[PDB]
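**Student:** Take a look at the letters that make up each chain.
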Amino acid sequence: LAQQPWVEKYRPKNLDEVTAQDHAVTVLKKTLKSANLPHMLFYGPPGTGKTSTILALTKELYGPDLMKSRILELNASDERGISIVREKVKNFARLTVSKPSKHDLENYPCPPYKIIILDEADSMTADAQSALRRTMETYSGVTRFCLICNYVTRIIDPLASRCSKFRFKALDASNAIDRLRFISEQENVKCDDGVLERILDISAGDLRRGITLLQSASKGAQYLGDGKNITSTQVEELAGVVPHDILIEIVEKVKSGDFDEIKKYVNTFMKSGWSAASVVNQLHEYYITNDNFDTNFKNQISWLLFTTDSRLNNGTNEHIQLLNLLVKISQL
Amino acid sequence: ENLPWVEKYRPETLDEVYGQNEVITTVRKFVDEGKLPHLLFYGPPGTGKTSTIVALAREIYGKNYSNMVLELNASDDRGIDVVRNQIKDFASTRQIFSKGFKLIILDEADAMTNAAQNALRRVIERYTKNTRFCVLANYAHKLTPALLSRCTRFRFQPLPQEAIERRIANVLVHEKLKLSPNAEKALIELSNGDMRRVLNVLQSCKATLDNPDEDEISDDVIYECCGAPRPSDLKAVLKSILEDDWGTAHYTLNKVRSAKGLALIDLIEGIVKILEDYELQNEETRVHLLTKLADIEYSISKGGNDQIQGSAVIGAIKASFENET
Amino acid sequence: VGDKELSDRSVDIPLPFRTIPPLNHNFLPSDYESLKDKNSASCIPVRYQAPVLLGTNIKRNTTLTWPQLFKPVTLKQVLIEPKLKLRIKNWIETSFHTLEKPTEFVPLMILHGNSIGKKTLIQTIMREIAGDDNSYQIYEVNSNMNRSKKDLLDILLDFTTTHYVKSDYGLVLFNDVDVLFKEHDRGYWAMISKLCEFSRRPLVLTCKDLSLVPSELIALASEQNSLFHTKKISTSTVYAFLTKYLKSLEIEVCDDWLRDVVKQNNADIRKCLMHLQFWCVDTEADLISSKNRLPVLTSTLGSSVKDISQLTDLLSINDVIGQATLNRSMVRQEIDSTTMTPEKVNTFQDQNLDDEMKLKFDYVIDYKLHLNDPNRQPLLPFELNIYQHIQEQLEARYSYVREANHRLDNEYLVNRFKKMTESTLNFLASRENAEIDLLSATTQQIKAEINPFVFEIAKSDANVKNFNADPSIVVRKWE
Amino acid sequence: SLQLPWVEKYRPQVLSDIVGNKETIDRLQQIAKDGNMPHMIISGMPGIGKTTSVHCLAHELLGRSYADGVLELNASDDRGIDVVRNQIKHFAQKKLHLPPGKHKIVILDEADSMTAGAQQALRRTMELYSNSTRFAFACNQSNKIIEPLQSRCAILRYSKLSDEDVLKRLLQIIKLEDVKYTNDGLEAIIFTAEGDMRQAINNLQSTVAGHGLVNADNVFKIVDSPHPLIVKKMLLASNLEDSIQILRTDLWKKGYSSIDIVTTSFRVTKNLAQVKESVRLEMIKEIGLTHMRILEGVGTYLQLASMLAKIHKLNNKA
Amino acid sequence: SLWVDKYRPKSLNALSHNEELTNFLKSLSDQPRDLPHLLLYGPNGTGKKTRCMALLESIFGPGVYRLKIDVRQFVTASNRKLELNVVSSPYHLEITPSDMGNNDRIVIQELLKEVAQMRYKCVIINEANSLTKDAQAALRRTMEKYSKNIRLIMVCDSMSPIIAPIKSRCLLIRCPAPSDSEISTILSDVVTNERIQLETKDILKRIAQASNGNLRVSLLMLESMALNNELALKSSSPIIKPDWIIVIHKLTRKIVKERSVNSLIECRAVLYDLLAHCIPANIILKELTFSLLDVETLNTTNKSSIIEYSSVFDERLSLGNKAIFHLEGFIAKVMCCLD
Ligand SMILES: Nc1ncnc2c1ncn2[C@@H]1O[C@H](COP(=O)(O)OP(=O)(O)OP(O)(O)=S)[C@@H](O)[C@H]1O
Ligand SMILES: Nc1ncnc2c1ncn2[C@@H]1O[C@H](COP(=O)(O)OP(=O)(O)OP(O)(O)=S)[C@@H](O)[C@H]1O
Ligand SMILES: Nc1ncnc2c1ncn2[C@@H]1O[C@H](COP(=O)(O)OP(=O)(O)OP(O)(O)=S)[C@@H](O)[C@H]1O
Ligand SMILES: Nc1ncnc2c1ncn2[C@@H]1O[C@H](COP(=O)(O)OP(=O)(O)OP(O)(O)=S)[C@@H](O)[C@H]1O
Ligand SMILES: Nc1ncnc2c1ncn2[C@@H]1O[C@H](COP(=O)(O)OP(=O)(O)O)[C@@H](O)[C@H]1O
Ligand SMILES: [Mg+2]
Ligand SMILES: [Mg+2]
Ligand SMILES: [Mg+2]
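Residue numbers (the deposited numbering), protein chains in the order written: chain D, 22 to 353; chain C, 11 to 335; chain A, 176 to 278, 329 to 391, 398 to 662, 699 to 733, 769 to 781; chain B, 6 to 323; chain E, 2 to 119, 134 to 354.
Simulated from the structure, these hints should not be mistaken for laboratory data.
Each hint should be verified, as a subset may be incorrect.
[Stated by the list, open to error] Counterexamples of contact, computed for chain D against chain C with all Cβ distances above 12 Å:
no.: 1; residue: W27
no.: 2; residue: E108
no.: 3; residue: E257
[As the list claims (entries may be wrong)] Result set (SDA-like, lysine to any residue): computed pairs, CA atoms no more than 25 Å apart in a straight line:
no.: 4; chain 1: B; residue 1: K226; chain 2: C; residue 2: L200
no.: 5; chain 1: D; residue 1: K249; chain 2: E; residue 2: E159
no.: 6; chain 1: A; residue 1: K726; chain 2: E; residue 2: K256
no.: 7; chain 1: A; residue 1: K589; chain 2: D; residue 2: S104
no.: 8; chain 1: B; residue 1: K281; chain 2: A; residue 2: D212
no.: 9; chain 1: C; residue 1: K265; chain 2: C; residue 2: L200
no.: 10; chain 1: B; residue 1: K100; chain 2: B; residue 2: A37
no.: 11; chain 1: D; residue 1: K89; chain 2: E; residue 2: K163
no.: 12; chain 1: B; residue 1: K38; chain 2: A; residue 2: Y419
no.: 13; chain 1: E; residue 1: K148; chain 2: C; residue 2: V41
no.: 14; chain 1: E; residue 1: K148; chain 2: B; residue 2: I299
no.: 15; chain 1: E; residue 1: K265; chain 2: A; residue 2: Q711
no.: 16; chain 1: E; residue 1: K136; chain 2: D; residue 2: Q25
no.: 17; chain 1: B; residue 1: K149; chain 2: A; residue 2: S521
no.: 18; chain 1: B; residue 1: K94; chain 2: A; residue 2: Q711
no.: 19; chain 1: A; residue 1: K537; chain 2: B; residue 2: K94
no.: 20; chain 1: C; residue 1: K302; chain 2: D; residue 2: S351
no.: 21; chain 1: A; residue 1: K522; chain 2: B; residue 2: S167
no.: 22; chain 1: B; residue 1: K258; chain 2: D; residue 2: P179
no.: 23; chain 1: E; residue 1: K182; chain 2: C; residue 2: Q317
no.: 24; chain 1: D; residue 1: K30; chain 2: E; residue 2: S28
no.: 25; chain 1: A; residue 1: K439; chain 2: A; residue 2: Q711
no.: 26; chain 1: A; residue 1: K211; chain 2: B; residue 2: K100
no.: 27; chain 1: C; residue 1: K283; chain 2: B; residue 2: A278
no.: 28; chain 1: D; residue 1: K89; chain 2: E; residue 2: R189
no.: 29; chain 1: C; residue 1: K18; chain 2: D; residue 2: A181
no.: 30; chain 1: A; residue 1: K179; chain 2: D; residue 2: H44
no.: 31; chain 1: D; residue 1: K249; chain 2: E; residue 2: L186
All C-beta atoms, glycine included, are put in the ideal place defined by N, C-alpha and C.
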């Protein structure tokens, strides 16, 4: 009421209002005009607009008052694949449509079958090779299930056989800039040039991450009370990204080749509090993209960086891994 | 009619079950002799265990099939107590029957627990004379060895190329579709002995055609409906990694990954499968490539960021194939 | 919709296309016989001498079970400490004297502990005080019947109110008060409360752990000093009792096997007599191996440091593999019905569930909430276990690996930490807020920094003793 | 009609015919001859002859009173708290006259599946009625039975059957059944037996029914597991490409799961004798790492390929 | 009543160092209606937990610092005595996940369900880096579904092992270690509050460098120094260290001076002595490594090998059960490389 998260406040309520994705929106509006869709999948970058797309589809298919009744949202959550998902689906299938509203007559198709949304149900402790098969075969005319995933890594071909696979392409920079600037100007966010590109680079095209970062930056600017435009440094700090000057110092230290100097600099830098994973990622970005290094050097440093990142992801001590990685880079 | 082809083209008798031959010959020997022990079909899904056993049961049980068999499922909403009660009530009854030898159709035993399996084998012990059990599973390592020792263990292997091609030839004339040779080759390569997968791909391709009467189906249509990486794209990625510079190889890999939405894993096994056909001058190249790719896949399974893993894959492949050069 | 410029092309960077030779198999019996499993020297079954039965003893040709055959008749043989026996006998006789007078005295016990003779001692006391087997009458309450209020309330009141048809040495004895069923034993603690209010005969409750009995009952028992705690007996005394029992049977036995039996049976008198009853028949067969000996141990120094370094690396990889594989089973395991599952507790919370269904699935009343992970389950014995195989292979030629297998335990280093923390709490008290704050603090930094500094402070204050008092506890715990 | 399987047709009806664990079998025979049957919990791997042993013991103890002196509680019949509280108590309270030394028998096979509460109620009714009836447990895992039951029973840890007793019993069955045998076939049967005597009998019966003469290849044609000889050649090949070819064709394309391949490779490495003990331990460690990676979820062809690469490196170098 | 305890700040304005973070926390506490999920990361002993307690005190009131101890007992499938002392308050809750081990998914889920069953109740999670992947996924699922009564505030040493969605749905707050001038100021405040007779302020500076950016270690050093000399610190009083650090230094000296198998046996005995006194293996490996790196008679390649072996065996330790095997393996590897 008082506040709405901008990730869910500015969702596209209209299917045609969704930025880009013409090849998806045209086919889905044709499908809803056909008033029937099968159990179908999505695949694309996380936060590309899958949940927003299905919400717009069921908004233009069902009624606003029927939102909380016909739609029963079971994503990858406390719901367990064989424990409470199955019983909820069954008692919802026994449940019928409530009373129709005045605006849902002759405007929205409101078909008898329900729509059940499962977000990332593949990554669950229960393998559903045929869990929903009989409950969408016997209850085909009264319910329908839509599954949402990231990649095309289908585990079981049953339960995903009659699949209308539509692809969300990666969000281009222009439309992301336009939408995020529209959100900022609706929320009177004061920012100067070069910032929005920094958020989109940090989020790597994830608009939900970008929207949350923009909201956090606006909150920080308002809490500061200065009223000045948000700078990029606050955005980097809010995302854990190490500043570029420190990365320049790190690469200078590893180019120097002195062991004691590298150890001392690592010891001083672990008191700064910056995460080592961000350091490894920025080292990868600075090294692999650069064209001033030989093929053998990049071949060795890629494996070294991968090993260090894998060790860091295993919940190990960051100082020792970072020191080993910097020393190994120096020895290259 | 307007039904999925999975249940439409089930083998009505043992003669239409292709691919598997030794088990069917053993079944024919059993029926000719008259000995029907406890059976156990397991293997990859889609090999036709359920189809083979339903054909067996129907051709033995004629018209009172609908009464004197009972098809069970361990994964339904009944529970261990309810399945035990059902088995005891169906075995200890001796209803109105022409011939005995009650048959149990118990599917998906891989989810059965140790106590449930012990109860099942004890019921098998108690009611062997009147009831025969043909519990069905898929993985043999998820079943207690006490249950394996009381059933005639029959492993099921994926269907070979000739049987799949013969069934495609049978289907196309009935459904008045036609497939190009490259399309059939790609389909049987991606099938990996999964028959239901093949039928669903065929029905999806028929539904995809604007005029499903005389339109030809290509490799692109099957590869996009099934959701499998195209060999040409992976070959292009491999050649960009090998003969091109670091920046352009990374650009091509990222562009292909974004366009086709394939995971780094499936790319790794595709690269391994393509490189296995080719030969290498040195063996240390193959050793290092396999070890590094396995480590990369293992690290990807745990989690992390994809960019450094792609860079690691490219670097490992480059180092391996410059070791031999 | 779908557009791409990429076209089908052939890769030519590697070597030209490899010709694939088929690999036929023509195995011969000369290599088939190589499948003979090599004799595994890791297994070390050692034999012991056969027992020689001396004479023809009447006790040898008995019908009753040996723990019942060697049942104590007085208060000297029941294996329990003498102070506790004297205290409980004095309480019993005082209660019998007082309850004869028409009646502030509530006869009540919690005979908690980890000993074995928690029931026969009361019977021996009854034999001593009554002087005859038929004089006393004990209503021994077990877990084999229903301990529900509506099924036993009137019976227990009638037994504790009126006389017994035949000095009426009556007593009510409650075995297995640690185990309670939520619905089968519904209203049980109400039964104890009602009996304790309306009592004229002693009530004795025996258990394993004190926490099951409600706290008000603990307070009532402690007010009358009727809370008796029993402790397990050391291996020396029980070994002496077994030797006395065997020399009463006139059977010659070696001391090593008896020591091994006592060690492996956790010094349980019933278990030891049961094992000796099973394993001392008049037969020529050898005895059980008990503790396995050294399976051709070659625990050398490893000579060069390379060999020991490789062995240590192998041990580390073994530990990693075992930690990964000992809690991942492909076969799903059943969940015990008579166990306090949080889902089962939540189900019983709902009042829609009627009595008939409640009796169908009940649980043991416990103060511990039993959680479990369906995906993460222990390995079954028939499942593949590489970790165990490599561990038994390495321990067969290196004793220090076997030492490390039991030098540190999961229960250990945790009770030690608790003891160190309570000693630190006492020291910091000896100069509330710290009581809650240090427990709020992460235990890792407690292990790291605060404890050694507390030791430094304690030893500094002890040096000048020879700002805080009583520093020797921190010194001895850190020792 | 039906033919009686040799696992049940040649089941020993007496304790003397049961091989393996000679000390425990002899002690059980002495107990049956004299009397005063103790409470024991027979524990061990399945298929080693525990249920048959306890049934033969009950037979030899009672004789004609088998039907009314033994109450058998298996997983098929309900064994809840009400069962222990009512029918076991009534059977213990039943008045059955026996010759001196004998007692009523209460057998609870697969006792590892018992609920905790049923076991808790079981200890008191077995302690109080120990003068008239005796209990006998037979469970695969001894840790599933709570401590109070083990404190009132002499736990029997039946060991795995060796090769000599299984081989001699198979020779006896072959002699009494007129089966043509060969040494390699018997060795293959023992190799696939794993001490599982029921498995060995079933394999021999299936070999006789299907392929007639019992040869090693005939035995390995019905075991429906990865071939130990093919796996041995695949592990011991001097060329890595040959090993990859073998695992791709005869193992991966034939439907053999990764778990079965890993288990067979571990068994082959354990059976190895030509290579050094340290090299064998290194291969076993590598196979354990591969099993780790499969249990984590990565049961892919690439993991087996990498395992073969490192095994081949170990064989070629060092 | 320890000095580190009794001189812990209990209000937002009482915070001395990191003035920008203090102002940020004050402005977050200005509006009590919205508290986004916070993930405080940084070096140990820099005031992350103190800052969280100060923020909770400011947003709710004085009742936050009234902490109570509740003992919760759990049993897994292996029947192990899993005990967790959940620290509770009338306004928040504190949970330490690493005290349970692998079962940090089921225990956390049960605790969150129990708390949510009863405007919002804060749950404080210490050392969030120790959470397993399934536990982190369960926490992420709790964040979205239970975003009304439960607001997760996690304090961790390192934010690297956390999953990406948790980073996405949290306000990342970094707590850098204070500069040595700020540690000197805090120690001077303690001295002028408790009247420690200092001949010079250089002692506080030396303690600040010896604490290598850790406030609690510096405070404990001041405690031990003051209680050693009885409020009479001089310059000649040496910088003392905990006994385990000294034994580790002696172990590295023995390793670098002796080359024998019996030396490895003595090292195993010393590791047994260290572990038996309940010290975690990660910090033991850290101190042992960083004292082996400070040996003057070692060249660059040997030190690089030492750091590589330390990293590899840290990887093994983070995925292992018995720390003695991994530590002995690291000792053996550096032992063979030292030849
Ligand atoms: N085309 C779009 N136009 C405007 N906003 C968009 C668009 N696509 C996504 N968003 C925003 O991004 C948010 C999250 O993206 P979605 O993919 O719709 O949700 P999601 O599927 O839950 O994301 P993930 O995969 O769970 S991270 C939405 O709530 C919108 O606010
Ligand atoms: N050898 C075969 N010949 C002809 N059709 C086959 C064959 N194997 C499978 N099929 C068909 O493929 C589909 C698979 O059906 P099922 O036999 O029920 O699958 P399954 O092999 O039992 O595996 P699951 O996943 O455990 S049901 C059916 O439409 C069968 O008719
Ligand atoms: N010296 C002894 N003192 C006490 N009991 C003995 C002694 N020697 C043998 N026993 C047997 O030990 C058993 C102890 O009594 P039980 O009733 O079986 O156990 P309990 O006292 O109920 O305690 P539990 O079994 O731990 S619940 C009896 O069967 C006795 O016959
Ligand atoms: N040593 C043996 N000598 C003779 N027959 C044996 C031997 N061991 C097992 N058998 C036979 O092998 C089969 C195994 O049956 P059981 O004894 O019931 O198996 P088990 O050892 O009790 O383990 P289970 O039943 O899987 S829990 C029976 O036919 C036995 O007669
Ligand atoms: N702003 C501050 N001013 C003075 N002392 C502080 C400040 N922040 C933290 N401290 C000191 O830190 C100690 C607590 O550290 P803590 O927050 O537990 O570290 P961590 O967050 O690493 O667990 C307190 O005793 C307090 O004296
Ligand atoms: Mg989503
Ligand atoms: Mg089926
Ligand atoms: Mg059995």
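**Student:** Please go over all the hints and tell whether each is borne out by the structure.
**Tutor:** Outcome of the hint check:
no.: 1; hint: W27; in the structure: holds, 25 Å
no.: 2; hint: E108; in the structure: violated, 8 Å
no.: 3; hint: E257; in the structure: holds, 17 Å
no.: 4; hint: B:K226 / C:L200; in the structure: violated, 29 Å
no.: 5; hint: D:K249 / E:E159; in the structure: violated, 32 Å
no.: 6; hint: A:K726 / E:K256; in the structure: holds, 14 Å
no.: 7; hint: A:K589 / D:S104; in the structure: holds, 20 Å
no.: 8; hint: B:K281 / A:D212; in the structure: holds, 16 Å
no.: 9; hint: C:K265 / C:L200; in the structure: holds, 23 Å
no.: 10; hint: B:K100 / B:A37; in the structure: holds, 21 Å
no.: 11; hint: D:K89 / E:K163; in the structure: holds, 18 Å
no.: 12; hint: B:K38 / A:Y419; in the structure: violated, 46 Å
no.: 13; hint: E:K148 / C:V41; in the structure: violated, 53 Å
no.: 14; hint: E:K148 / B:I299; in the structure: holds, 18 Å
no.: 15; hint: E:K265 / A:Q711; in the structure: holds, 23 Å
no.: 16; hint: E:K136 / D:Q25; in the structure: holds, 21 Å
no.: 17; hint: B:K149 / A:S521; in the structure: holds, 21 Å
no.: 18; hint: B:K94 / A:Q711; in the structure: violated, 53 Å
no.: 19; hint: A:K537 / B:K94; in the structure: violated, 66 Å
no.: 20; hint: C:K302 / D:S351; in the structure: holds, 22 Å
no.: 21; hint: A:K522 / B:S167; in the structure: holds, 20 Å
no.: 22; hint: B:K258 / D:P179; in the structure: holds, 22 Å
no.: 23; hint: E:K182 / C:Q317; in the structure: holds, 18 Å
no.: 24; hint: D:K30 / E:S28; in the structure: holds, 24 Å
no.: 25; hint: A:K439 / A:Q711; in the structure: violated, 33 Å
no.: 26; hint: A:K211 / B:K100; in the structure: violated, 55 Å
no.: 27; hint: C:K283 / B:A278; in the structure: violated, 34 Å
no.: 28; hint: D:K89 / E:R189; in the structure: violated, 40 Å
no.: 29; hint: C:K18 / D:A181; in the structure: holds, 18 Å
no.: 30; hint: A:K179 / D:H44; in the structure: holds, 15 Å
no.: 31; hint: D:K249 / E:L186; in the structure: holds, 21 Å
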